[PDB]
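Apart from one protein chain that is not included, each protein chain of the complex appears where it belongs.
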Amino acid sequence: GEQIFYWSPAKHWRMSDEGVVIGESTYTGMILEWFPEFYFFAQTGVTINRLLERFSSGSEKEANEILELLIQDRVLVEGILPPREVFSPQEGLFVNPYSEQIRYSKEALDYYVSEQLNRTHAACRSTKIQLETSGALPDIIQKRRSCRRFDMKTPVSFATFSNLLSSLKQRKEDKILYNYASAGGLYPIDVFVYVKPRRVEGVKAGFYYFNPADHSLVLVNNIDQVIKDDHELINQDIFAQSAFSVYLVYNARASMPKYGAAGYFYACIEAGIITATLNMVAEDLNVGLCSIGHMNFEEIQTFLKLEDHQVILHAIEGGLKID
Amino acid sequence: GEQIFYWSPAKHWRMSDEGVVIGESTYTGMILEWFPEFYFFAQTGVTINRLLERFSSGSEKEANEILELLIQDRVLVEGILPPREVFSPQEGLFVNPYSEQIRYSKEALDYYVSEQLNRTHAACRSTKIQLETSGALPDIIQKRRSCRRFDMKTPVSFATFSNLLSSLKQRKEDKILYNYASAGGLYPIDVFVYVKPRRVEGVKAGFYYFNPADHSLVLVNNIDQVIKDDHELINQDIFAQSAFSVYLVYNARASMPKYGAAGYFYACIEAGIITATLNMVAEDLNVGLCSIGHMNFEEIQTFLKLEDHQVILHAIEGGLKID
Partner (left out) sequence: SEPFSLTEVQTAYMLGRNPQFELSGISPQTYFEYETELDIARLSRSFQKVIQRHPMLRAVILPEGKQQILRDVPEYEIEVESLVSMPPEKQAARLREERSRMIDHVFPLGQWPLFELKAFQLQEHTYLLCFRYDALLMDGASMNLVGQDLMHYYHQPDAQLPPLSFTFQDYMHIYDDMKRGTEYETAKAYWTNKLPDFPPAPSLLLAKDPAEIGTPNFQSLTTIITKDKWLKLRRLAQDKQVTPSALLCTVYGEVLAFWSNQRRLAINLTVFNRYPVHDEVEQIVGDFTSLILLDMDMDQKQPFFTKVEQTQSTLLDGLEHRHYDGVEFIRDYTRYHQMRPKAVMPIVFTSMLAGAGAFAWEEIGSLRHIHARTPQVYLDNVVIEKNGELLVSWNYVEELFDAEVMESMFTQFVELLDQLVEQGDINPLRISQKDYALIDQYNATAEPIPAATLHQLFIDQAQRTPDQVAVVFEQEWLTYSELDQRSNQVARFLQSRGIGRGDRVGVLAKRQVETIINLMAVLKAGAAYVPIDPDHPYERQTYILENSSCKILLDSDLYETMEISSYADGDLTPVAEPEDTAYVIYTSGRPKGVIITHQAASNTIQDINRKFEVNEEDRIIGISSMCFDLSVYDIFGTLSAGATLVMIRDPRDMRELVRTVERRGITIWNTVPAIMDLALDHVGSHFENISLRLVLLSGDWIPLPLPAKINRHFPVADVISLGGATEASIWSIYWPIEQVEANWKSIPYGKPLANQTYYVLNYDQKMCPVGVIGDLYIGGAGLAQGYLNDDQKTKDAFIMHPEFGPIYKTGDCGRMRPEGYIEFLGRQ
């Protein structure tokens, strides 16, 4: 009945003179006496008392503090990791030829970007097919621009709000269909919508679950709220002026049983899908949108009561276009 | 100039009576005799002559056979891992509530899919807002469908091919703009285009790099060939019938310097923005497209002479629709 913890796949163990080193931190005291056997034992999945009997046989007080820290430090974890943890080890494989200034000097960044936007592939042979510039794209794509300011006084009309959400609804044509593709046809992304007070017509403030099958918003949480301090400051104005915000959540049970690990990857692709679809509809509806790369997801998954199999992957802010 | 190998971060190991277990394989001999010191050295990046200097002290042949096997088994690796290796360890965290039969039995799978398409979020309250279906979507989105059947007699016209590719070209409006949103404005994904003999007007068979600033294709490789055995059986009909294909390649050097691991993640998302944008244009142009879940990318990466920092993240097959 105890929770099962696993040696995190993202943590690499090593020994030093100070103590046990896991990832970025050094542990000292009794933990050093737990050896490689702790490392091996933990890989199968253990309960806290099973583990303690195997490695303590001394005061449980010290053993409990050690084990508690390892859990708090994400050495011993309960389940699937979010993408920020999943890709972390890759930084140890990448070699950076550029200075750190890209992140500090806006000029260093502008220079960097200009080199990148003019890059070519090294293996290119000395030939060339010049393509025609004679065509045109539909306006829905070519006139679309990111929106960083919104109408703060006019509530989003109900019809507009509903029409935008409808872009992801289910259709039945002798089977269930969507307006976008999914790997394996499973559609494993749950959508949650957050609405601020008096900003969306017909909608009370709160966190709602969107069900494409019902074409409706089910209230999840009308107690808590999203605050500006849950965001990186660079995005605090987008957050402050938006009317609503949408979160995309990956449901592992809706993918992993069919594809295994590949399913998580495919979902990460699907997140680009959907977003682009929604953006096109927003253009037809005169609605502005701006995506966000990172925010405090731990507080949000707590608010939404997400389960062990649910991972937040992405979020988008928006409101009516302002003129 | 000697190749440096790293302990692959995706591998974990245990001691056993049979020998040492790394990942899924059991080894005996010097490798067992080596203990964590081998592990710790491999962990920081070491070239072969250095590993032999430190870990041989036995027959040279024995030392060499062990290191060769570990490289072949991807225990020791050169650099950044592809997505299939990156997400592999998550398999040990997911627990499948369904039987394994959903991956073998058509009926078991159909059950799985139908059940999942009607799933909802458990933590919901008993109240909701019903959305209207009174609005409309444009045909460019609502009528799009994946195609697995192509017109193998009509070549793709040159103008059609150019207009489809123009969907991803650069525009100059006091800065470089694209027809879609991406990254932090870095656009770190390269496009490679592959053409089969006589299936595209004006283009010789081969692998070309697309340069969005010029609106041109430059040949990289016109010697090797893509064959049906580079595809899983489920997609061999698609392979046989398609005219051309597009590969999406992520440049770690274009993103990692600013975002670290997150850059890989964001690129995974960006690929789906690009994909959706492209499909919209393809429908106006009557070009069928289909995403591929898996392909022999290692052979393709070899053909394109991709470098250590480059990885294929996504590929799309297509041609004129059968009609």
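As written, the chain order gives the labels A and B, with residue 1 at the start of each chain.
The rule is simple: contacts are C-beta pairs under 8 Å (C-beta built on N, C-alpha and C of every residue); 3 or more make two chains touch, one makes a residue touch a chain.
Asks: Which listed residue, A:57, A:72 or A:126, touches the chain dropped from view?
Replies: A:126
Asks: Kindly state which of the options B:37, B:224, B:232 or B:298 is in contact with the chain not pictured.
Replies: B:224
Asks: Across the whole complex, list the residues on chain A that are touched by the chain not included here.
Replies: Residue positions of chain A that touch the missing chain: 125-127.
Asks: What does the interface between chain B and the hidden chain look like in terms of residue numbers?
Replies: Residues in contact with the chain left out: 197, 204-205, 222-225, 227.
Here, only the chains that are shown with their structure count from here on.
Asks: Which chain B residues qualify as touching chain A in the complex?
Replies: Per the stated touch rule, the residues are 6-7, 9-10, 12, 14-15, 36, 40, 43, 77, 79-81, 83-84, 86-94, 96-98, 102-103, 109, 112-113, 116-125, 127-138, 140-142, 144, 146, 158-159, 161-163, 165-167, 170, 176, 179-181, 184-188, 190, 202-203, 208-209, 211, 213-221, 251-254, 256-258, 260-262, 264-266, 268-277, 280-281, 284, 291, 293-294, 304-305, 307, 309, 313-314.
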